[PDB]
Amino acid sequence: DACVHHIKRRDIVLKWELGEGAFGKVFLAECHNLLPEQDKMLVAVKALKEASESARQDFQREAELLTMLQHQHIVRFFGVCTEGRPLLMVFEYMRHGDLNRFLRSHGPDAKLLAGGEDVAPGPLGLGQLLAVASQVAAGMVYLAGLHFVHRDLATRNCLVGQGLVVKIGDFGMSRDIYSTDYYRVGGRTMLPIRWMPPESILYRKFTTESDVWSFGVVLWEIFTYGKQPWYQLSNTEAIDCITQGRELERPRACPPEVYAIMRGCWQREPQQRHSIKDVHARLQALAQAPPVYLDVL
């Protein structure tokens, strides 16, 4: 509560709504006197929907976590606004939205119409995809370092910004645009089953090793340009396939070495999976490698 930075309401000017959840409305806003170099900048502002009693504590833990967890590929948190209501959380605005939307909007069958400023026309090339994957991996190295377990790693939970800087976040399981990416158990609990390893589905254990599995699935989302994992399957069919040891096929756009990295994440025994530090190293080696090398994959 003391560690969390505070922003005066007068310094925040709401412009329009960006999105909406069950836990809050997100707005694009101007924030004044937040930084030295920038006299005025753009921010995402989550206004708390104070309906339930516990939402105020979730707000608090979110703001506390995001004040502690800060890194180049984690969503940037600037502080809260507690003076008056509704309570506001203030974030760095990422102009391309979520990585899933971005991947789909530069998929295959994308002509010269897509592109400009920070991305080329049409389908993202191998270098761009490896760049995306390396950044996410870097963010997961950091969380792995602090022994944080994400539990909902997926492209829909990654933001993309100016110059394709990618940062990991977590936007609840609240937005209805991605409700089919969860399996509703009974009432209110939602499970991202298609991203989950067999030990998480069967035994309900979430660890650093279950995140690496999920990164593996993010790597497949990236190389399928935002395709849902197991899109051909219903939820229960997916649970069956994942628990019975079935693996997602190599995507068309994905070369063998990168599929090898995915398979590294998908070892059935958690112990046998490669560390996120190794995966990042491999991807960044690939991301930064010269054109001559990459053209031969």
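Only residues modelled in both forms are compared. Numbering follows the first chain given and starts at 1. The term rigid core refers to the maximal set of C-alpha atoms that superpose within 1.5 Å between the two forms. What changes on going to the form deposited in another entry:
Relative to the superposed core, residue 271 undergoes a C-alpha shift smaller than 2 Å between these two forms.
With a cut-off of 2 Å and the rigid core superposed, residue 54 has a Cα displacement that reaches or exceeds the cut-off between these two forms.
Taking the core as fixed, the parts between these two forms where three or more residues in a row have CA shifts of 2 Å or more are 51 to 55, 83 to 85, 290 to 297.
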The other form holds:
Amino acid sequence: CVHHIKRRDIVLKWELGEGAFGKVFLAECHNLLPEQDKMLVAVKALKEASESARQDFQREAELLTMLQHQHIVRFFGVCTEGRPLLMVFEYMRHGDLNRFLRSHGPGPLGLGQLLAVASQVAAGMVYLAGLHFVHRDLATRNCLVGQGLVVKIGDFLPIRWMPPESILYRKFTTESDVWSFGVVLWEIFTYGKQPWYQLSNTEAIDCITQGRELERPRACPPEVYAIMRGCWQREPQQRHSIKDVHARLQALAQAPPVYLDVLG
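Write the structure block of the form deposited in another entry for the protein whose form deposited in one PDB entry appears above.
So it's only the chain below, everything else dropped.
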């Protein structure tokens, strides 16, 4: 059951982003939380109001409503009082993790900070794995960064993030998600760079399917590269579980390896 927010409680302030779906605005919301009279929220407005996409919107709203986790973006409800159909999410100050990594890279985020981001993404993924949920498009662009480096997951064919069985057979599983997490690990330690930036969309597919792995990032300790390599086993059965990846990452987050990217 979805919460319904009255239109007069939502005050649009500044457009944050957009896509083919519609636009995302920074907004002030009243009578949402008890302690706060007005608070910043991000509103997704939908371009279409037709029954074909009206039920599809409600499907995402119900799914979003059910998912509740420290590292899954907070969903607050919907406004279906005419068109456009509004979707209210919490406001994450620094936007998507991809922009945040690029803007904080060559001040620049430290190894501990990078491991913290990685650990938080894996935490949200452990939750989805537990519910048998397959994200399908896990990437830093689909993650948001709020106050105090709090990272959460959002936007529930990105072949660059996909494993071989997903590229060739269109098969997405918890194991295909694990591969994508290792690609996301690479993105973090490269400060938001694209997987296979050197290659074309078709050259990358050939590279992935043949069994080539992304080179170890300059700012990536060998211990973290070992974790990505565990995510990139060609056979989905030989890939590490996300619960495992998270726990390994969690150990390095509390006790970061004495590694200086300068030394290599």
